[PDB]
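Before any questions on binding or motion, here is one chain by itself as structure tokens, the form deposited without this ligand.
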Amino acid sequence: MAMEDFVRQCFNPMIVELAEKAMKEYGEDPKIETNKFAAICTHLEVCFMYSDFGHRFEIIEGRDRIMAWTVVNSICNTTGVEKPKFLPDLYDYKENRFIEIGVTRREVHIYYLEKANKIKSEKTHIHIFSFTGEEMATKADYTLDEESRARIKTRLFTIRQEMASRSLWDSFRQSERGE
């Protein structure tokens, strides 16, 4: 599969490893669910890129569940912030709110709704990105400066166009696996 190769060649090895690990613990084969793999890596990379653009952010995504919950519980005890039911992706120490990051092949408002409805009754901030350079964020608060946002969007668009070079983008966009 080109898709498997694309992933190994366009994401850094820690991201790939982390994606593979997660898949293989829940019985998923990256060589089979290649769209899922690409999506997991893609979303991981966005999470990492988002935290890098500020110790503004605590990274929750990309850790095992024990460590993720340890971090969340720790943030809650020391801030007062209510505990989410789902593991979010980051915590913002400046705005003092968790963030859920969405990356979607569909329209951003569509995915935004899905997410807001999945974690309704949470006060988690939501930030959605597409592969078209659209974003949607709770209360149009986008958290990052334009440069950081622009860097994420360029990376996403670039993934898309790489997939398209390799005739993989049509499969990927018509799949929702990983969202």
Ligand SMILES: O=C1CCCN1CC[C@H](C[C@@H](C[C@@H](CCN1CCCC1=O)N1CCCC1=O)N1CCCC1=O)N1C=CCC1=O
Second form
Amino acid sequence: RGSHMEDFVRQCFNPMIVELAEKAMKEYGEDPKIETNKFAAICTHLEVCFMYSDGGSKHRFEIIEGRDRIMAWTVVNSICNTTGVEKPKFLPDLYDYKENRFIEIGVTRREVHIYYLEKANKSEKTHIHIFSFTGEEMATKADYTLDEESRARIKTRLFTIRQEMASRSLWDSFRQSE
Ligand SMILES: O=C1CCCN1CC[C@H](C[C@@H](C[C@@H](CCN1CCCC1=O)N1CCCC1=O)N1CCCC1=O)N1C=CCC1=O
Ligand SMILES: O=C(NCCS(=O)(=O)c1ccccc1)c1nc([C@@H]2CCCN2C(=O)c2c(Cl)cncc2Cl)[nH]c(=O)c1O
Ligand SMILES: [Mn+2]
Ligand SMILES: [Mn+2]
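Same protein, different condition: the form deposited without this ligand was shown, now please give the form deposited with this ligand bound.
Below: every chain and molecule of the assembly, starting with the one above.
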């Protein structure tokens, strides 16, 4: 059963993002051919995590998202046992070597405030940064980490994904899926 959303994902995101999203869904026991909206969301989150890590200086961020669970956790302990930060309960997405904190990246299609709150309850010390498909963002203590231009490019890319879906009439199904 092959959907339009699946072919759009593979044409919209680069093959390394796609393959990484596929590996993650197989690990949760989910199928990219069926839960195709979640497939698209995971790719999007992945690309945002990678654009974010590219926004700073050369080796400012450690990328924790996109690894297998065991290795991601191994890099968390090394960071913790080197910096003195406490171990998060849940796997974060990045580590900021400059500000010395873990970052949880969020990408939501609903209002930014609602999603921020839910993500907080699911780690007090981990910094949180949410991006919307409409162009909004909210970060912990109003500290947005990156400069304006790096965040702006992420928001542009998110709004382009939104248009590409709507042009194909997959947006509304994608928006009401979350
Ligand atoms: O430069 C570009 C333009 C678009 C594609 N691309 C590759 C560079 C990175 C991905 C990552 C990929 C990679 C880094 C290289 N490694 C190390 C482990 C195995 C592997 O693939 N991963 C995968 C998950 C953990 C991690 O860091 N990056 C960031 C560093 C260079 C690179 O390829 N990136 C940044 C923009 C989107 C994107 O994919
Ligand atoms: O890393 C993550 N999960 C594994 C580590 S965790 O400790 O289980 C973990 C669990 C929740 C939050 C953070 C870490 C992670 N998960 C989510 C959501 C909720 C859980 C399932 N889920 C997804 O399948 C998903 C989605 Cl909806 C969008 N984009 C990527 C992914 Cl994976 N949202 C993220 O923002 C994210 O970073
Ligand atoms: Mn993650
Ligand atoms: Mn995340």
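Numbering follows the first chain given and starts at 1. Rigid core: the largest C-alpha set superposing within 1.5 Å between the two forms.
Core fit done between the two forms; CA of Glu25 shifted by 2.6 Å.
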